[PDB]
Every structure is written in C-alpha cells, then in structure tokens.
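2 protein chains.
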Amino acid sequence: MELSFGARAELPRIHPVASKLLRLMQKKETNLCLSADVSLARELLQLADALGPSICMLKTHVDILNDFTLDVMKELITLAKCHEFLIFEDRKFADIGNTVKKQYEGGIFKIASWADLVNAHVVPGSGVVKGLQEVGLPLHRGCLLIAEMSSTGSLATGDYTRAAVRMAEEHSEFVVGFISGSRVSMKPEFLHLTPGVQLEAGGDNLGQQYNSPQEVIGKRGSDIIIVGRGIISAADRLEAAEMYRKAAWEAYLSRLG
Amino acid sequence: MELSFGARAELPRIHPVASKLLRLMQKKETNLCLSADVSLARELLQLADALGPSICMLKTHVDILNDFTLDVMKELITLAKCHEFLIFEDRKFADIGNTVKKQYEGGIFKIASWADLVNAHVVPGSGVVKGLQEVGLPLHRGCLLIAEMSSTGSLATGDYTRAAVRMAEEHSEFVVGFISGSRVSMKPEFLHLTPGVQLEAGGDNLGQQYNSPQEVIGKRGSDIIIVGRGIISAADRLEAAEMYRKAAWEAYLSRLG
Ligand SMILES: O=c1[nH]c(=O)n([C@@H]2O[C@H](COP(=O)(O)O)[C@@H](O)[C@H]2O)c(=O)[nH]1
Ligand SMILES: O=c1[nH]c(=O)n([C@@H]2O[C@H](COP(=O)(O)O)[C@@H](O)[C@H]2O)c(=O)[nH]1
Ligand code: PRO
Ligand code: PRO
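Top to bottom, those sequences are chains A and B. Mind the numbering: the first sequence is residues 1 to 257 in the numbering used here, read in order. Mind the numbering: the second sequence is residues 1 to 257 in the numbering used here, read in order.
Don't take every hint at face value.
As the list claims (entries may be wrong) - Example chain A residues on the side facing chain B (calculated, C-beta under 10 Å, incomplete):
#1 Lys101
#2 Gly107
#3 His121
To be verified - Residues from chain A that face chain B, not an exhaustive set, calculated with beta carbons under 8 Å:
#4 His61
#5 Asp63
#6 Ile64
#7 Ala94
#8 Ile108
#9 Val123
#10 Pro124
#11 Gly202
Worth flagging that the hints you see were computed from the coordinates, not collected in a lab. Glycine included, every Cβ here is placed at the ideal spot set by N, Cα and C.
Build out the structure end to end from the sequences listed, making use of the hints.
And the structure:
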C-alpha cells in the first residue's frame, strides 16, 4: 500500500515543493538531508558541492555562519540547482505570526529569498504558520512543522505532537511535512524528516540522542534522515554521506517491499 | 508578604542580572520593557535614547533589523548604560543544546556579546538551557524561559508551563525568570515578563491577544509588561511609553499594598 517517493510526488494534494523533493529523491536514490553545521562559508560550499549528488536536501543554520552574506546563499543555490537538492534553513520559527513574518522575509538573512524550506515550532499556535505563509506562499516556499524532537526531555510529545499534525493538515497549502522521529501523519503527501541520526549508538553531552537510519526509516516510517556530525566530523565526508545515503535508501526500499 | 523590587534585588539566591534589573526598576519607577520591533537601526537607537529613562529593559529582534551591525549594538549598549536599562534579545532559542550554543555566541549577530538577557523555549528539554549556559554563564548573562505565550492556540499551557518552571528552578545559576502571562513561579528571585499587552482590548490579525497592564501586573502577578505596537505605532512614543509605565508601576504598587 505504501507509495514510492516518485508516486507520492504525483499525489493530487501534493505541495509543489514536496513534489520536487520527492521526484529528485527518487531520481537520485537519496533520502539523506545533510545538516551542514559549519561556521565557514567555504566549508559549507565545499560540502554542498562534493556531497550534492548524494543528498536530497542541505539543512543550514545560517545564523552560525561567521561569514554569511547573501552572495554565499547565491553560490549555494547554484549548487542546489546543479546537483538537485533543496535548501532547508533550520530557523525554528517560534514566535507570534506578526513577528515571524518579518524574521522570515527581512533582516540580514532574507531567509525566504533563498530557502526552499523552513521549519517552525507549533507552540505559539497556528499564527506562526499563518505569519510565515503570508511571506512564503507568494514565494512558492514550504514549511516543516516540528512535531517531535530528538533531545532528552523533549516536550514535543503526546497531545503536542497531535496538535502539530492537525496544524499541518489544516495548512497544507504551505506546510509540506514534519520534523519528527517517526511517521506522525498517515497522509502520504506529508514528508517526515528525522534528525538525531547516526550509524552508531550514542548521543552528545548536551542532550542529543541518536537512532540509526534503519530504525528511523525502516521501523519508525520516516522519509528522510537529517545527519550532521556523523558526516561532518568524519575525515572523508563524501564516503560518510554515501554510507548514510545507502543506509537510508535501503531502509526505505525494504519498507516498501 | 510580597517584597518590593528593591528588596527582591537583595534576595540570597538572586542572579546578578536580575538584581541589577530589579534595582534599576525600583530606582526609576519603571517595570516597562519596550519591544522595539523596528527594522531601522536609526529608529531603534532614537527610541532607545528617548524612551530609555521610562523603561527597565529594551527587547530587540535583531534578525529583523535591515541594517544590523555590531556597531549598532555598541551604540545601543551606550544608551542602555546611560539610561540604565537591560538589553533582551528575543531570539527564542529552541534547538538542541549543541546548536543553540553556536547560535548564541557566534554567527553575524554575536548575541551573547551584547545581550544582557535572552530567552529560550523549553520544548527541546533542558539541553537548550545547558547549551546556552555554556556560553552565557562565563559572560555573566541571564536567560528567560518561555513558560506561556500570548497568542491564540498556544500550547505552552498546563504541564508544559510546569516543565518550564521546573527547568528554571533547576538552572537558577543562569535562568533569571520567565516570559509568561502571569506569575508561574512562587519563588520571588524569578522575574515574570508578560507580552501581549495594550491599554485597550483587542489583538492583531495573526493571533496576538492583548491584556491590560492592570490585569497582567495587578491580578495576574507579573513583574514587567512587554509592549510593542501599543507604543511603537503611536505618534508620540514617549508619551505612550510613559502611559504604559505609569500603568504598570501603579499596578505593581497597588499589588504590594
Ligand atoms: O529534534 C531535532 N534534533 C536535532 O538535532 N535537530 C538538528 O539537526 C541537527 C543534528 O545534528 P547532529 O546531532 O546529527 O550533529 C542539528 O543541526 C540540530 O539543530 C533538529 O532540527 N531537531
Ligand atoms: O508570548 C509572546 N507574545 C509576544 O507577543 N512576544 C513578543 O512580544 C512582542 C509583542 O509585540 P506587540 O504585540 O505588543 O506589538 C513581539 O515582539 C512578540 O514577538 C513574545 O515574546 N512572547
Ligand atoms: O517517477 C516516475 O517516473 C514514475 C511515474 C509514476 C510514479 N513514478
Ligand atoms: O533599594 C533600597 O535602597 C532598599 C534597601 C533594602 C531594600 N530596598
């Protein structure tokens, strides 16, 4: 009954950003999102260029780049177009709608001008989505809602997660999916992206907890693994990305049957 | 039984940032925080200079400033020192500890270098605090935890709010208080700052809901009102700030008896 990524890309209610993502995931045999958690633009762009072919998405934290400029994002877009991946700015909007509108469009970062995807916490209520949508819908962007978190003590559980899902299913013109640790929506037009991923067991010293690609894609039913340190701390980041890609892709294939 | 701000500033377990804030609130007879939600540095600095004497705190969203530079924050610090108010960067950190550490210290904004106070959502678990504290404690900064929000559909209620309070009471070396709509902690060393404040009833079109200074300081027991549009959209921002200051200050005095 599970549809392939390529088939999900054609669903009637699919958002165009999700459809583009699903089509390139199927074409490239990748459901890996690189979390490019680096402070130097040159390293961001060298990673994007070398690992571009292995990834479906590159997740940025632009407010940790020491040398951010809009020109850096222009170069990143050139690579995303060349290698075919989407740019996800992991900004975690989490304010009232009137504020996030300006945070998304304006300031130094002009996030909406270069990010295909952004994410938002649902704790403020649906005004967070409505505010972002006022900017993002005209710019043909999409939003991910944070339905679960991977860190110890996360409060994004139970009824909070269910509120996130309902908020997404009510704003499907702009919300394309979730950050979660598992499948949280039964609707196949919604993407599920899962961080806290490493091939080995463990965590970090600040509350991160890791699960494997096979677990999060296979058993828990998510679509895309978001990997940072498991790739970016490795000596050979390209081979590491390929290891994560093959893991997440096989897990997806085995789930479909 | 309620202690004055000046007395709370001397409590044994008071954090130095809170003590400094409480002492200047008492000296200046102001418990008003200006939410300086503007896009131009010149307007930010003209507001800070003119309204400085009327406020205990200026809350920034630096990621909406079109013309942010570190020099703008240097000029803002000069005014905060001159007029005696604290600078609160309303960044709403809301990520895993390892990420927020870098978001706080680094990037273009170097928030920890100029903000006396920042705030954090508790949804990631206590790693968000631990990560920020790794930067902020050495820099003698403080953090506010978001225990409630003013916007329609807020999920920061019930057990979520109680988790925020517990997280604050367990990280009192760095957490100085809360963003909330009411008193949520019975411990007087913790500040309570309340946004969603206007003299008239109403809201905005993106989910903001307003309550009056008398209600939030008087009946609901909060310490400081955070006001944006009720001041910044008025023609005479100084007279508006004075109106809000007198409202919040009288409400506090009447509560003490
Ligand atoms: O629940 C969540 N957990 C999580 O780690 N992230 C983010 O995803 C990345 C994980 O990085 P690594 O731990 O793999 O090195 C970091 O950039 C976090 O900010 C996230 O967005 N949501
Ligand atoms: O619950 C919350 N509600 C809230 O409005 N704020 C913030 O406080 C300010 C309110 O602005 P006004 O509605 O008064 O013009 C804006 O800068 C919001 O981002 C906040 O931080 N928390
Ligand atoms: O991607 C493709 O080519 C096919 C078309 C139908 C679904 N998948
Ligand atoms: O601020 C003051 O001067 C007094 C001293 C004790 C408490 N308040």
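Structure-based check of each hint:
A cut of 10 Å between beta carbons decides the hint on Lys101 of chain A: the least distance to chain B is about 7 Å, and the hint holds. A least Cβ separation of about 4 Å between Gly107 of chain A and chain B falls short of the 10 Å threshold, and the interface hint therefore holds. With its C-beta approaching chain B no nearer than about 6 Å, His121 of chain A sits inside the 10 Å limit, and its interface hint holds. Given the 8 Å rule on beta carbons, the hint for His61 of chain A holds: about 6 Å separates it from the nearest Cβ of chain B.
At about 4 Å, the closest approach between the beta carbon of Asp63 of chain A and any beta carbon in chain B falls short of 8 Å, and the interface hint on this residue holds. With 8 Å as the threshold, the beta carbon of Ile64 of chain A comes within range of chain B, its nearest partner Cβ sitting at about 4 Å, so the hint holds. Given the 8 Å rule on beta carbons, the hint for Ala94 of chain A holds: about 5 Å separates it from the nearest Cβ of chain B. Checking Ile108 of chain A against chain B by beta carbon gives a least distance of about 5 Å; that is within 8 Å, so the hint holds.
Among the interface hints, the one on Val123 of chain A holds; its C-beta lies about 5 Å from the nearest C-beta in chain B, closer than the 8 Å criterion. For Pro124 of chain A, the suggested interface contact is upheld, since its CB lies about 5 Å from the closest CB of chain B, less than 8 Å. The interface hint given for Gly202 of chain A is broken, as the beta carbon of that residue sits about 13 Å from the closest beta carbon of chain B, more than 8 Å.
This entry does not satisfy hint 11, going by the numbered hints stated previously; all others are met.
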